[PDB]
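Asker: Please take these sequences and the hints and turn them into a complete structure.
Listed here are the chains, written in short residue letters.
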Amino acid sequence: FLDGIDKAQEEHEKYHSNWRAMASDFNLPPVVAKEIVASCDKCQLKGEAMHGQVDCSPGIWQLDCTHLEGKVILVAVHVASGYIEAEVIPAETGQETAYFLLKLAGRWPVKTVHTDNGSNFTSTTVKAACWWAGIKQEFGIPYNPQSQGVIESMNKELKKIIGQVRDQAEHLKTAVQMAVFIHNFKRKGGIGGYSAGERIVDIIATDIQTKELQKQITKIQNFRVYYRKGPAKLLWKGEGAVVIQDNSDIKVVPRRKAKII
Amino acid sequence: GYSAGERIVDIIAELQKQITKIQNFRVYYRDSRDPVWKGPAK
Amino acid sequence: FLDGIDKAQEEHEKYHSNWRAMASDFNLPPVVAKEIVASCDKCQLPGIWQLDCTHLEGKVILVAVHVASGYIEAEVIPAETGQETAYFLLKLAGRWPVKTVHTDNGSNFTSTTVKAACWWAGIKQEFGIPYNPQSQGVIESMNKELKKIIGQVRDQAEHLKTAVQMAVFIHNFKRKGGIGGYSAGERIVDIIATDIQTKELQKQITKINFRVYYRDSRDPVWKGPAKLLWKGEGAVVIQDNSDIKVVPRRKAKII
Amino acid sequence: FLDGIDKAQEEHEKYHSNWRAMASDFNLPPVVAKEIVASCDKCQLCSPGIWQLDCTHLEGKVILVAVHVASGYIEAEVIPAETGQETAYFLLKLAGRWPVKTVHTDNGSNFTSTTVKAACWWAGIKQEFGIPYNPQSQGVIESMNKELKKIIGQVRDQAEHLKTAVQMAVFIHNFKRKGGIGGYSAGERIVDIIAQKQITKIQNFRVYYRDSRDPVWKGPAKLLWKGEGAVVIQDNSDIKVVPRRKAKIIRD
DNA sequence: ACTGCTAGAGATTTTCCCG
DNA sequence: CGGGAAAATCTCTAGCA
DNA sequence: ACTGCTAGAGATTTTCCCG
DNA sequence: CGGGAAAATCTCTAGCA
Ligand SMILES: [Mg+2]
Ligand SMILES: [Mg+2]
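Chains as they are written, first to last, in PDB author numbering: chain A, 1 to 228, 236 to 268; chain C, 193 to 205, 212 to 240; chain E, 1 to 45, 58 to 220, 222 to 268; chain F, 1 to 45, 56 to 205, 214 to 270.
These are computed hints drawn from the structure, not numbers from a lab. Worth double-checking, as some hints may not be accurate.
To be verified - Here are some chain E residues pointing at chain A (derived, C-beta under 10 Å): (1) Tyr-226; (2) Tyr-227; (3) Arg-228; (4) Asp-229; (5) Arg-231; (6) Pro-238; (7) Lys-240; (8) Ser-255; (9) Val-259; (10) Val-260; (11) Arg-263; (12) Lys-264; (13) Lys-266; (14) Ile-267.
Virtual Cβ for every residue (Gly too), placed ideally from N, Cα, C.
Answerer: See the structure below:
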């Protein structure tokens, strides 16, 4: 292929032909043509085809403003449940945002808030509010709304319901509260056939109850598993398996080659 | 040198109840490369 | 860098020495130390060897020394012509992985044959006075000690060349001393095994290479290559000319 | 090709090895290496301290070859004549490069010569004549002889005198041919194989005696053990322990 | 070092109910 | 065990940024 | 009575080649 | 019939409007 490699490179600096073109024309193994393309800086123009996944921890909220009929609507969503909070604010200011976030934190457990990099969420007043209530702030990558896919999807859902009930109310703020009500309690679906209100209550109660249950379980139950190794702490056992926490690492081991002390 | 109360309280301070309780909860989850949520797991 | 390497850099700023400390005491790979001394404006500066000559008893003796361990490779050469020095340098290069050689500018080393020897084997050579001629003084003192050795051994060898070799071996192995009384062989072997492990360590250090091409934010144009720093699920962190950026994996390409 | 691949090809022309270097060191894909070796006309495709020695002839010239059993690291040099004295000189030159301990020969007259025994003595090298008593090196010595002959068969086009071609082949077989277990060139493996010193390091270690009161007495102790948060040192006629904060260790 | 999601419309497969 | 209908699960899109 | 598609990057499965 | 690598097929995205 020594002859063809030099020619395909010259043709690539003119044409930037993809690897199949070089492999067909200059009789090349697919790996060599691919290497020619790969080392071209002008031919690197496409990302990888995948999507990430947002954090859906029980304490994470996603926030964003949305605009409707010239007014600013500050919308928050609890990621795990789909529950929502929303108000019309007078302006997209850091002060209005600090106030909204303080109200949210005083009504619901809020461990982390995830927003874009708009001026209102990045402001020092919002920081001071988040420091006071103990809220971690996660800032999305700039110009990447998929980072806040949940609240963007929920802003669509809320705009649709506001459109549905707009002529039942004079002012926009009231339509926003009617739509919030409707979404939280008058729309069922999702993981447990729930409405979002039912679902957030279940998520938060489940968090509380499982925390308590397993804390008591670990207080009373005390063992040490040796597998394969060191004194691994026991997490669970059953059906020919054991769960252990060895140096902050959780691994599923079969019952064989595993002895409990 | 412990009072009868101290020994009583220590003694009184089962697990299968709490374990079945924990095993009653449903878990919906995803694998790190699949957008669809996986059905209720135990 | 690592906290140890940052501490070594701060110790350099405190003490104006780069290679003599972090390459030895801090176990830094030689490539990083070379990069640091290159960046260091205060630093004007296992594969190092030196070659020299001596004229004991009217005969020409050419001696090589591994600087880091007091090893000896020597041979009585029939003549000072560069042709025979080329053959002997071929021997040194074949027997051990020799990377750089420090000699003088003389025609005994600048001849065409020596240049061909370096070209074939892959050895770099220095011609002239080294920046630290105290090493040359040390090897000359070793030459004098070999000469005293010879003044003793020549009671045992019918041919002075053979006594030259006998001395080479005595100093390699029997004359153990320094630090903890170690022979030149022991230090040589330790150094070269450490060198193998440092090649492996340099590989694993440089692992954590990757060119990243990425779509910048709001920009239609793709840019790169950037250095990859960290790779999560969904996003990466990239170094594009001392400018740390975070890019979703949809908008990046890692080669 | 890439600058690295072109450099690898030039290194092949310099060293007559294709797969053992670019497939391993240069991370070349196996298909490209296979294509290169196909195009390459020159590519036809125990007890450490135990070495073999042997005599070979080529084009009317005599070559003495030293091998290592434990990794096939091969030393060699052209000999002026088959006489025993030259053999003794070569074995001498061997002694100073590695701790040779026992060698095996073919019981030849030039090797049974007395001077060979003399050299083996004053250097401290033992001779175990006959054939080696392990059923690996017995054919391995001849196999590596054939390997050296084959390497010279390609080297000879770049050297008109055997005295240089032999060293060319030796460097190739020592480093530029990497294989075996994981692709380790013989030189690397022998580095590993070669790798009382630590005992002699601490023989003369005396200690300035102190105690938990943190005194400045600095008694004439002898260091017995170090580590695990304290020391173990003898105090004249008795034994005690001292934390590392005290008990300075010095040479006697 | 961070990350698309949600809800509805129609298609497909599974389950349950009388045999 | 067999259909047939009712329920549950699957595929796929717009629209939010 | 008209209508999403294309090309590349990485993952997964299939096929072929020496055994 | 078995691996292992090389080739072919599959999944999925941006960007065009
Ligand atoms: Mg926004
Ligand atoms: Mg918005």
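Asker: Please verify that hint: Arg-228 (chain E), Cβ, nearest Cβ of chain A, below 10 Å or not.
Answerer: holds (7 Å)
Asker: Does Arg-263 (chain E) hold up as a contact with chain A if the rule is Cβ-Cβ below 10 Å?
Answerer: Interface hint status for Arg-263 (chain E): holds (5 Å vs cutoff 10 Å).
Asker: With 10 Å as the cut and Cβ atoms as the points, is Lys-240 (chain E) at the interface with chain A?
Answerer: For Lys-240 (chain E), the interface hint is violated, since the closest Cβ of chain A sits about 15 Å away, which is over 10 Å.
Asker: Let me know if the C-beta of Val-260 (chain E) comes in closer than 10 Å to any C-beta of chain A, holds or violated.
Answerer: holds (7 Å)
Asker: Return the status of the interface hint for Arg-231 (chain E): holds when the least beta-carbon distance to chain A is below 10 Å, violated otherwise.
Answerer: It holds, given that the least Cβ distance between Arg-231 (chain E) and chain A is near 5 Å, below 10 Å.
Asker: Under 10 Å, Cβ to Cβ, is where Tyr-227 (chain E) needs to be relative to chain A, so tell me if that hint holds or is violated.
Answerer: Nearest chain A Cβ about 8 Å off; hint holds.
Asker: At a threshold of 10 Å, is the proposed contact between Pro-238 (chain E) and chain A supported by beta-carbon distances?
Answerer: holds (7 Å)
Asker: With a cut-off of 10 Å on the beta carbons, see whether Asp-229 (chain E) makes it to chain A.
Answerer: holds (9 Å)
Asker: Any CB of chain A closer than 10 Å to the CB of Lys-266 (chain E)?
Answerer: holds (5 Å)
Asker: Would you check whether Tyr-226 (chain E) satisfies its interface hint, that is, whether its CB is within less than 10 Å of any CB in chain A?
Answerer: holds (4 Å)
Asker: Regarding the hint that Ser-255 (chain E) lies at the interface with chain A, is the smallest CB-CB distance below 10 Å?
Answerer: Cβ of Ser-255 (chain E) sits 19 Å from chain A, so the hint is violated.
Asker: Does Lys-264 (chain E) pass the interface check with chain A, least Cβ-Cβ distance below 10 Å?
Answerer: holds (5 Å)
Comparing the model with each numbered hint stated earlier shows that hints 7 and 8 do not hold.
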